[PDB]
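All chains, please: the whole structure from these sequences, using the hints.
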Amino acid sequence: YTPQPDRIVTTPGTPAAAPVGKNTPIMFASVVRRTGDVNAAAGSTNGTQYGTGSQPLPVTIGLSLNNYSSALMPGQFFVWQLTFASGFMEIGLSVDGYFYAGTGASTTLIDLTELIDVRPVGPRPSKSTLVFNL
Amino acid sequence: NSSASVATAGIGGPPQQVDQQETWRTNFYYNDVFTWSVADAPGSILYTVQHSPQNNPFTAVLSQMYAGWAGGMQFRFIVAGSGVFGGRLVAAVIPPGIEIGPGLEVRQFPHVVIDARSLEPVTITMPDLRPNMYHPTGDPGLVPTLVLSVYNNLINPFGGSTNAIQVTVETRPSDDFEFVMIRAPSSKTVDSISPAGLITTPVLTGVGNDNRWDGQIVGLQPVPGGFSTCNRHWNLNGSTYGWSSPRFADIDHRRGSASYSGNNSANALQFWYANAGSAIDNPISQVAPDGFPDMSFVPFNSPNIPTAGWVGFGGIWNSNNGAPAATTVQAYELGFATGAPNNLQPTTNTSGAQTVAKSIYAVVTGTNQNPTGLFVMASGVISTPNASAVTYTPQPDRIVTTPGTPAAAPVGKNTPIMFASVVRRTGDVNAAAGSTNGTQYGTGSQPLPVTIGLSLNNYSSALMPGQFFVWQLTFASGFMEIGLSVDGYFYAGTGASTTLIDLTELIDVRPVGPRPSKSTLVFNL
Amino acid sequence: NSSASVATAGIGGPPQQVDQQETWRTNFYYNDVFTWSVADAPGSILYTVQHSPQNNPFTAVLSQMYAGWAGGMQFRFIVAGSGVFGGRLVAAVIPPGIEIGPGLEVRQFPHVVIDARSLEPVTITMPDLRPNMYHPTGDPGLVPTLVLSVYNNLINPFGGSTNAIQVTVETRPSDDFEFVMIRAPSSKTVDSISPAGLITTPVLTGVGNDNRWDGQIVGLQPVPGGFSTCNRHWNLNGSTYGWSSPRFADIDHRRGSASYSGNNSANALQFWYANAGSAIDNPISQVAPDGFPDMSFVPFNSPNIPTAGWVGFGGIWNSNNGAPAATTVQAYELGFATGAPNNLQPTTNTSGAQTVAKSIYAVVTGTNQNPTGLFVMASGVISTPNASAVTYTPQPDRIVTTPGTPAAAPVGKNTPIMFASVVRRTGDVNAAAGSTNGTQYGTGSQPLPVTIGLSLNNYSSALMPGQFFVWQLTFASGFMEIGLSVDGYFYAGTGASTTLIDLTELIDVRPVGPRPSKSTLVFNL
Amino acid sequence: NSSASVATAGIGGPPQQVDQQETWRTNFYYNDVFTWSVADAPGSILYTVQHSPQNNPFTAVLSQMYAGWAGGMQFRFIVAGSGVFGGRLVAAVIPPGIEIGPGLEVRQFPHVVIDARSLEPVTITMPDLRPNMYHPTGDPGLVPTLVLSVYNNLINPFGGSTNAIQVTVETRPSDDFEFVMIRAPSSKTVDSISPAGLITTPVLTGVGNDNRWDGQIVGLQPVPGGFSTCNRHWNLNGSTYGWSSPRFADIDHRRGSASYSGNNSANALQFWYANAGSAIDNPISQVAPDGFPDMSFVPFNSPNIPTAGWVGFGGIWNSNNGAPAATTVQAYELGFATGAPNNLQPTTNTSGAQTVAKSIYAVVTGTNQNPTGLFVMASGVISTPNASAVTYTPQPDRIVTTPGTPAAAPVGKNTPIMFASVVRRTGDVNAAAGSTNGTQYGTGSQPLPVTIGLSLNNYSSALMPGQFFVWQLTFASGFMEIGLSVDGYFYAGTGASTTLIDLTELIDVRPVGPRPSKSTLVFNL
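So the sequences go chain by chain: A, A', C and B. A prime marks a further copy of an entry chain. Throughout the first sequence, residue numbering follows the deposited numbering, covering 436 to 569 in sequence. Throughout the second sequence, residue numbering follows the deposited numbering, covering 45 to 569 in sequence. Throughout the third sequence, residue numbering follows the deposited numbering, covering 45 to 569 in sequence. Throughout the fourth sequence, residue numbering follows the deposited numbering, covering 45 to 569 in sequence.
Worth flagging that the hints you see were computed from the coordinates, not collected in a lab. Treat the hints loosely; a few may be bogus.
Claimed, not checked - Computed cross-link-like contacts, EDC-like style, restricted to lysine to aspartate or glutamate with a CA-CA straight-line distance of at most 20 Å: (1) A':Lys562 to A:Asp472; (2) A':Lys232 to C:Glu143; (3) C:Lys457 to C:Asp84; (4) A':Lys232 to C:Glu149; (5) A':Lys562 to A:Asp441.
Here's what the structure looks like:
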């Protein structure tokens, strides 16, 4: 996956994303174009690559346009549930703008193409573990 | 207080005057059952129904007799549980005009809660939500929806395992409910629903009825890696991609080419072949004659017999004549191939392919002629050595199909299945079989009485996408459930198992009724 | 039966608030009559009608003035007898939403018997079975049906040919019948009834023309093999599948290739063609340009003329400059074909076709150009050599159709009809015929004011897909019924006939209103 | 007008549930206002409304809370101006069964008059003229409509210096008004879907962008002569006549032919073309590859620059190869054309078009191959002379559209407008320019957020074909109204002016709702 965290460039003012309990910080994985050797066959039928971001742009543009300090005070995550064709999970958003999952020490990619729907659970304490049941 | 149900029904009923014919509706009766999984998310709808006289079995019967009706129905739910399963459900009556999908908050309605450790039954009432006019039986119009949603997720502690538990539904007509206007009792039937009829105990307990070899169905075979089949295979939209008819009949292709191998006229192997697009004599599809196998060719040279070939008896018949040639009549392997005779290779793709025949044993006198007919019997026998281990025939890689074919693939823990049958085997010339029962397992994906019924009568309306139609098999010991998809393929809850299920211990089969395609089918043997 | 409900209708009725018209309607008026014979079998249904303000003629005139209606209508029946004939009919008021057709029995309905030996008329009131909901005059909804069926067979003591008697029906509105919502009887168009106005006496008499050859309608032609039509056709859903305008309009196509074949640039046949589906300057659909004939081409070889070809007069027209070429002016065959410019073969499928034009005689100087336009007149002539020639043109096999076009095939004893007209024929230099007109028959699927009217106003939800809208055609001697489907085909009840019906001795046309499509339309001419 | 309807509003039962509430009904509160000018014609309609609880503020919020309604609602009108002013207005309640427009004769329905001199307010109680059934907040069924029309025109005797006065509209629910089917508050049905939410202020201030160029929308551009647009454009029927999906992504077309010009294999100008109907990897439409610009190509010969051509960066890719050939990679001018390689002409229609590319500068090494692909980036930059910043690109002529596309033309005094955006421009390599980046107005039909929400939700039963959905724009100096049609095009009441309207001084946008099309959108700047 590109970029790796050691590659990511930042300003000194940046808050860090770190774990809370069993809750872990998450990145959003995406399909991005790849290019290799000049004139030769790709070696991959789908052309696979996983480019990463920590926030989706419609959420970034909304947090920049309109201040939400009052909405989530320190010690809370704002929570939504994902319902999949089979199974469910809950996802949380911190003050610091980083998104969290109850995936612990897992490094496995969660597939969003089987998503049926997402609905808000509402604001919750940051210590509480987010459900993962896939 | 708000106006009485019976009085408002009275206001709904004017052009009618003969009134209520009943004094009996206090008992509750079995409507249905649904399953609740540990998967089923908070806010998920397991079960929904629209208000109808069909909601109760007694009213369903009486409704045949009458043109119109009005009033309420009461619905009662009993949880099976165990005392150690938590989670809770909400039952809501949705007044008409409310769209139903995952955006519907079902707890902002008139409602009651069902706890999963509940000993006692929980009941809710569905009144008439448009008492302004009576409803027709045969064309109801605007009706309220009953909806059941998961209020809190299913909590198992895991002292064993259990990942699905069931909730029963029971119904009764209200004291305001009424029928009016007698009509012909025959128009709507008492007999069981049009898919259910397709599977009953005699198709499986004997007789012989498979859609490929027409042998006795001994067992059910699961396929973990799916398959595709189309020849004599029908879906519930009543369309086929195959080329043979569901009425078993002799194999006749009038314009093909004949040659022989052995470099000598007499005591030789006759060869016959034709292009795919040469099959003019078939009304169904001009891509291969009726009754020709959906199996690829398995090349051999004397003295060897072909291993896992389809073999049938017949001979060569001149293009315009009235009778076949008698010296050419012998047993032949029949199959799909390309580049016949001389660059001959097996293929399971029809597009530019050739339908071929080659003799197992020698013909008295050979013939080279083009064009000529091929006349070979309806159904084949498997050629394979004596003693030699049984590998079910045909394997999926062998199965020939048209490009239009839908594939059978897994759903969750549900796996696509084939019906296994006893088919004749022949090996080495003059030697002992090596097997006392003569064992072989020939396979089909659909039984023929079900195929012929799906071709005769369209059932699109009966099972809409995301559902399987379900039946239960009860055995002398144990039970299982079997499901039928839209695409005509049959499914079992056998997962990654490849073990053959024995149908000779079947006591009975009964319809569970239509169910969601995601739900796992029970297996308990 | 339901005659108590007078006081329960009187809650649903009164919120509207209107007067009762009683003094004008003392007497009953003629609605229809049907024939009863020794060969009409028991269980057969001879006559049926829906409740409607259109049953009494004066109430129909009043319906115009009002936007709602309610209450009952009285029906009065007269048997013509003799007093020596036995037998009985059964009269039942059928509930709303109960399907009508031959499967329908009176067996378990409330009824009255109508007797062969009766000498006195027998009067039934047909009550309102919808009274809680007031009906709209121009969107009515669901109503009940009055049905008369044969209980006992007509029997005669004696021989002879005499085997039939008639039964007349006359109607009167009841004392419960009412009109409400007078508003402004000002400026609504289809207050008058939309479907009923399509056929009229002076229109079938001498004002109407047909919608494909623009000729005068002489007759009706049954087609017992059935047929299909798409172009310049509209329907009761407002939808069409053609390309040409609702009226007759000239051919202008800017983008073609022009060429000739021969050994010389002069005294040659000009050829021009362009692809189907490329007419982006046609507002209706790109299938062909406007004015282009919907019948397949006629191949011919120089110097011979095409038969039963569509010929039109025009020339090659410069695309760059916008102007004709005089030297090219000639009579041309215009048609749909495939295989252009030189492998031409006929088709009835538009998709992948070419719209083709070829001159029927020599042009003085030809032109080879790409691109060049084609400019031809609206009106068309049939190409036929001297005297005796083809029976009617286009034959059903010649007609082209575009996807989406449903074909019209017989139902029971009702057969689909085409409209026949006398059309102009020209063919072969200084030819002649056996008659001065040279009696050549052009056919259209609809009359053109009907094609124009069905494109001008809406007609949806007025006629039911099971029913046909019926009109009665009355002659100086005898009568027949004609019907219109939802699809916009006309049908008549001649069964397996091919014989042409002569409309010369027509006195009158009257609407009979909807009737089930399996009901035979009567023929007594 | 009726008054027994109230007894009918009166009937209850199972919709009421517990505890119904009168709510506030006592006083008249401001619903709306309309303007009456000396300009307006007799028989013109100033105000119209269907009966609904969305005609108080208090019953519009309670509409979410309750699922069903019934009964009358009172409307009070106050004329303000002077006693010296002549003219008269007519208020009338019209029963259902109507289509309102040029033929709906207001002054011939039962009605009351409103005189301009009236100091005191004039009241009407509007009842239910179909009270038999509860309406839900779904379909209510067809209801009575309130219409106010000018009977005789507004006169000022003191001339044209003052020429308009306003009339206020106030409502309160009547006695017979009731609610039913309460349930509990949540969002529901047709109520939650409206074109309103597509347009809003942050999108026009700086968040949004256009659908052709991805630029930042600086202005509104009026187009008096009309235009047509389909690519990446959408309607309120939810579909597109275009060939691009609604996002910006690379242009990939696998089958075209590639060549170069200059008779040299290195340093040459690359050419690629293909016919329309070969876009094998596009689901939207096979006519052109998604992401391809909807404009006709612009001719240039080397080294001369295209005057206002669309340029993008990319190169040539063969199907057998995993990534493009680098030597080919260069800037290309892209367009739709006919007549490749060397007879090139622009095309405004997709039918028979060719999608063409030519490099603006030399490529390192050319490639001659057929078929072979084209791979070019998502959004384009404008090619145009050095210090050019005249009007906008594309002009209406330059836009390419399909034969299924409906065109945008003036309706009344309402003119179509395009959305103007800032685009990158280049003067050909190096030299000088009018500024650092240079001014350039690229235009699109829609803001990309409106396009994504038309593709996301179906608004067909949410704006009528005769209507515009209207919002009002406030600028620092001045204000205007803007409208969106059901066909996807945007309009302004600017008439024939061409002046660029600046959205950079935009304070606000807010919805005015549905308005009929003919009636003029306000422009006061």
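Comparing the hints with the structure gives:
Annotation: proposed proximity of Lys562 of chain A' to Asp472 of chain A is violated, straight-line Cα distance about 44 Å (limit 20 Å). Using a Cα cut-off of 20 Å, the hinted pair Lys232 of chain A' and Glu143 of chain C holds, with the two alpha carbons roughly 12 Å apart. Between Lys457 of chain C and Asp84 of chain C the alpha-carbon distance is near 15 Å, which keeps this suggested pair within the 20 Å criterion. A hinted pair counts as satisfied when its Cα atoms are at most 20 Å apart, and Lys232 of chain A' with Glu149 of chain C qualifies at roughly 15 Å.
Proposed proximity of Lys562 of chain A' and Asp441 of chain A is contradicted: the alpha carbons are some 42 Å apart, above 20 Å.
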